[PDB]
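Only a single protein chain was left out; the remaining protein chains are all shown in position.
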Amino acid sequence: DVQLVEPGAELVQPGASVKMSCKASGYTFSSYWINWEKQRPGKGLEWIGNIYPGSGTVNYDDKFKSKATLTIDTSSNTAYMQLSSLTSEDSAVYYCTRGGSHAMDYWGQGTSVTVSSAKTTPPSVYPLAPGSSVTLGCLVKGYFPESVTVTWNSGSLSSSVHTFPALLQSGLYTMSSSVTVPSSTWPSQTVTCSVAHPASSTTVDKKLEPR
Amino acid sequence: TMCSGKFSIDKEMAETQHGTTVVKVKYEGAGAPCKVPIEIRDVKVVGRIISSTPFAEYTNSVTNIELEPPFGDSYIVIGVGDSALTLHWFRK
Partner (left out) sequence: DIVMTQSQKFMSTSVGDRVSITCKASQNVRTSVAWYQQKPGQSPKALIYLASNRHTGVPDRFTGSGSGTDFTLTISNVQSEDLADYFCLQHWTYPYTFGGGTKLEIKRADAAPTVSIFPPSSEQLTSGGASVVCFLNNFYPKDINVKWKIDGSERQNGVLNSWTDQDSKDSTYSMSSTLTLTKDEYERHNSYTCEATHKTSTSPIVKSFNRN
């Protein structure tokens, strides 16, 4: 079972450099090429270049020649990409993939790189309780960078949950998460949203209380 | 017009992800820009050149030469005369 583990997200300063990893497992690593792609939001995919574990053979797309450095650690079955002298053009989702003469087959989860000199801010978590079914919510306001996760009743409450895309207000993110529970289960049962912000190392649990 | 000088190896023959080979050659002769003389011999193979008719754009210039070498033992000849570069390749 092929698995390319990529760190979820990375916050980088403008002008600084980043090193991201792609941890392969589940196959003979030293016998397949590794690929790296770039994905800017709402935009298409771009091929950065490729590496060969069993030779150290590198191919770069000229567009990325001065920017990307593709190294490999066979002892840790990890592939690496170092992006240098960062600019806002570099804020994108970076993918790693296995290669063959069939090309990309198994893609990793992608690192969402964010280029900004801005300070990491933990969010304010506000419960949304109203004044057949009862919709409740939580308001994850003013946090940097992305992302946050909103968990309802330790994850038991799902498939009734809508998680809304984060919007910007004066350089800080704001997002909302909805939940829909049958009118009988609230306030009779405890409904809690567990907001997690890995960057700030926070986790805020808020109890949805009536009135 | 054909190049008539020394072509040295910049980066050696290497198999690509897409099952082809690439050579990076430095041109040390004159008459550049000029067509790079490329021969694929067996143990003379035709149309196994993937690259768009390679040229040495200026003296000291490096050129990527993509080939589809035949299976097994092959020989690539880069250039002409006793300064020609014969390269032995093996394809599995």
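As written, the chain order gives the labels A and B, with residue 1 at the start of each chain.
The working rule: a contact is a pair of C-beta atoms (placed from the backbone, for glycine too) under 8 Å apart; a residue touches a chain by one contact, two chains touch by 3 or more.
Which one touches the absent chain: B:18, B:24 or B:48?
B:18
Sort through A:117, A:156, A:169 or A:188 and give me the one touching the missing partner chain.
A:169
Kindly state which of the options B:45, B:50 or B:87 is in contact with the chain not pictured.
In the complete complex, the chain left out is touched by residue B:50.
By the contact criterion defined above, which parts of chain A meet the unshown chain? Give residue numbers in ascending order.
35, 37, 44-47, 49-50, 59, 61-63, 95, 102-110, 124, 126-131, 135, 137, 139, 141, 159, 162-167, 169, 174-176, 178, 180
For chain B, which residues touch the unseen chain?
16-18, 20, 50, 66
Here, only the chains that are shown with their structure count from here on.
Taking each chain's centre as its mean C-alpha position, how far apart are chain A and chain B in Å?
For chain A versus chain B, the centre distance works out to 44 Å.
Name, in rising order, each residue of chain A that touches chain B in their complex.
It comes out as residues 33, 35, 50, 52, 55, 57, 59, 99-101, 103.
Contact residues on chain B for chain A in the complex?
Residues in contact with chain A: 14-19.
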